[PDB]
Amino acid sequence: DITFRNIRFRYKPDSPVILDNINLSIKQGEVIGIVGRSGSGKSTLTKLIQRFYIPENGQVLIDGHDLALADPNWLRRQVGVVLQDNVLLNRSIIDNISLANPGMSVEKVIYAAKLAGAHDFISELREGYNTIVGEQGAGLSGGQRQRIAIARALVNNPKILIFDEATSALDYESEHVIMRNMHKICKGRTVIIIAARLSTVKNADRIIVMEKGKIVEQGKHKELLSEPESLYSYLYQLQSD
């Protein structure tokens, strides 16, 4: 349902090759984890899904549609991206979550906040969902902001959801709620998670290991650990050393 075929990418005609002959099929309903060293090409890979950039070689396809000849506006709607950092607008928490669709009532707002694990702390603020967030973003803490951003992205409701280190600063309990809810979140859609914390993607249907712009290893968490000399094993065994 999402296909990378013979993808070769570099940023400038002078730039070194960033993505080197990548081939990948991601079928609808799959949770895909993407791991690898800092600078290996994880983010660049997700940018071709959005067509901020075009490859010099190969094709990107969604549902059999070549993105190179697809409608620009159509593609924008299909992809929702949650980054590491998120600025919230100087308005209420409910308004911030409902950005993509007001008129959508309090219940689907709360459900989105319950999925993101935000409803608890919002209920215990005095002003509640009517709490006006900062003129810069953070009248709240980093993780609270980030959970509001996740709740908003769920309301946005794209058919392709990209988490780019979205949870890596959240505490284990907070991330667990979101990863526990991943079964409801990815119903009828594709979820792509780029993680530095390997434990985040432990239950992905497929984990992709990037190195120097190549998909170097692949499989489930336990399948990747079967080879002790694998790159995935080396990073995993660095958890506490």
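For the two forms, the rigid core is made up of the largest set of C-alpha atoms that agree within 1.5 Å on superposition. Positions refer to the first chain, counted from 1. First, how it differs from the form deposited in another entry.
Once you line up the core between the two forms, the CA of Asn181 is the only one from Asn181, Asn57, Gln50, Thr44 that shifts by 2 Å or more.
Once the rigid core is overlaid between the two forms, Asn73 does not reach a Cα shift of 2 Å, moving by less than that. Core-superposed comparison between the two forms: CA of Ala118 displaced by 2 Å or more.
Relative to the superposed core, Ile162 shifts its CA atom by less than 2 Å between the two forms.
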Given for the second form:
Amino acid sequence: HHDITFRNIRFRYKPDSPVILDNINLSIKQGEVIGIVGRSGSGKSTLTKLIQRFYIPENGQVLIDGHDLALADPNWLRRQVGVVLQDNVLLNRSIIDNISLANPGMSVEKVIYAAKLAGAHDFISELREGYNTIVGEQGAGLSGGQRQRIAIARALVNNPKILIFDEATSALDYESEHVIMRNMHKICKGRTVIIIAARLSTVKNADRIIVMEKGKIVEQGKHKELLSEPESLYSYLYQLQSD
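Next up, the form deposited in another entry, please; the one we just looked at was the form deposited in one PDB entry.
If you are looking for partners or other molecules, they are not here, because only the chain is given.
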């Protein structure tokens, strides 16, 4: 079964604005973990915005879980997709409030489950005020890597069938990165996952990597196969980011 399909998608942000996505064709199997790489401004984040129907394409269709999103219930769509946001944990609010910031009636049990997958439960549990800890500075002083694991738990709490990782805007501490990489298979288990990767190394082990350039998918495949394509943009990017 395919959880996500783009057919002939053309998109621009405003009536006269430049075309940002052109003739995008992609079909992602249920449970696939996809990495999307490409230079800044290639259209990676825009592709994810369309999955959520934040914007409507001028040509083509997006189909989610088989449903054309034009026809799909927007409430159902919002429940199908969890997004790991960057730098979006609310400082003036508690950890649990941050994690359940979609369904405030969210069971403590559901919150802790999502926190365990995210690898946040352990550090939260060792805080004086636990889940009731106010995230904010002088209110506790959590790190960016701790906050990022909180952001993962938030994304996971409603058990989304599709999980999207927005591009990383900062480096996290070794501890937090280690916990996340160790827990990734648990976080992704049973879900279709899209990771927008600043560094190609991040998605070396994805089922498939999609390479975007100037709003088109130029290359797609497994890491080893993309490196086998003689003059591939993938290899070029791989070389550029290499030590």
